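As a starting point, one isolated chain is supplied in structure tokens, in the form deposited in one PDB entry.
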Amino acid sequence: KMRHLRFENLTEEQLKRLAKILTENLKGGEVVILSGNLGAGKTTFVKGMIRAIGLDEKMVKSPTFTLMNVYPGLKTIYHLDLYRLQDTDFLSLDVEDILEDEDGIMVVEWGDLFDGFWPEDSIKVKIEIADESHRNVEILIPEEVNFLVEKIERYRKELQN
């Protein structure tokens, strides 16, 4: 039971600005699954999100090889890219351990892989590529977190009209 919130043809600017709005209205030990294909604009999303925690965009980079980058800010964002993941033990051990921290925000380029692993209450963010310079995005907000929907919705009708 969870509200899907679609955003149609978004500028590279507005994309980051949605990400910053999600991420400042977060509270604790929260998973943001980032679903999207090569080029979608996931990493660019996280660029927008890190704004919220008082660090600079410039320290966001494909964790495709690093696997995890950690932005220790107003909250500490852990950033995963599963593109390269070979050992599922990283999830069963390392990522299970990351999940025990309840004052910090996880976010996962390709968290739509290994679906069984992630939580019921995880926030899902499909990013799609409708244009050379625009991307369409759908934020799914599990009902145990409706405190977001008001705040995000504002920006849905703040853009449309």
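Shifts are known only where both forms have a C-alpha. Residue numbers count along the first chain shown, from 1. In this text, rigid core is short for the largest set of C-alphas that superpose within 1.5 Å between two forms. What changes on going to the form deposited in another entry:
- In this overlay on the rigid core, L148 has a C-alpha that sits 2 Å or more away from its partner position between the two forms.
- Taking a Cα shift of 2 Å or more after superposition on the rigid core as the cut-off, the single stretch of three or more consecutive residues that moves between the two forms is 144 to 158.
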Given for the second form:
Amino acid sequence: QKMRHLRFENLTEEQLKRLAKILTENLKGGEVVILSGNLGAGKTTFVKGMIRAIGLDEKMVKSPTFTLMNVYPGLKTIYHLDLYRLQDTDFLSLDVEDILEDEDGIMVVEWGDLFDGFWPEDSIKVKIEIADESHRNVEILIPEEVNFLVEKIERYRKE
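The structure above corresponds to the form deposited in one PDB entry; please provide the structure of the form deposited in another entry.
All you get below is the one chain by itself.
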């Protein structure tokens, strides 16, 4: 299946956060969220926005570059991956595979554009590009969720 792309040009930091909130508060359990973006793109600060939807502080979202995995246990459990410093594939094979068995918890993956083969086909892809020093562009791919894309285009239309 082919996901509906929802483009967003020149978002501020808080606008980007708010979007992350809107998305995550609106999905059900057991979804994968692939964050694509190069260094400096708000991959991790997007997850700040995400944690708002699980009624936790933004302060506890921190880069998993070294920790490899952060889990935020809230209204829903968020698994925050950062594949930047991944050396051993077996972590995906075993550990990450074991998480994908969780049927009511969300996974977001910084640098999840690596190892394309691995992720479930119906994964939510999120791409972030640098517009200027204080603005970003994001395009969100969501596959055939009647309720999802509708709730997202609302904020797209709320520009």
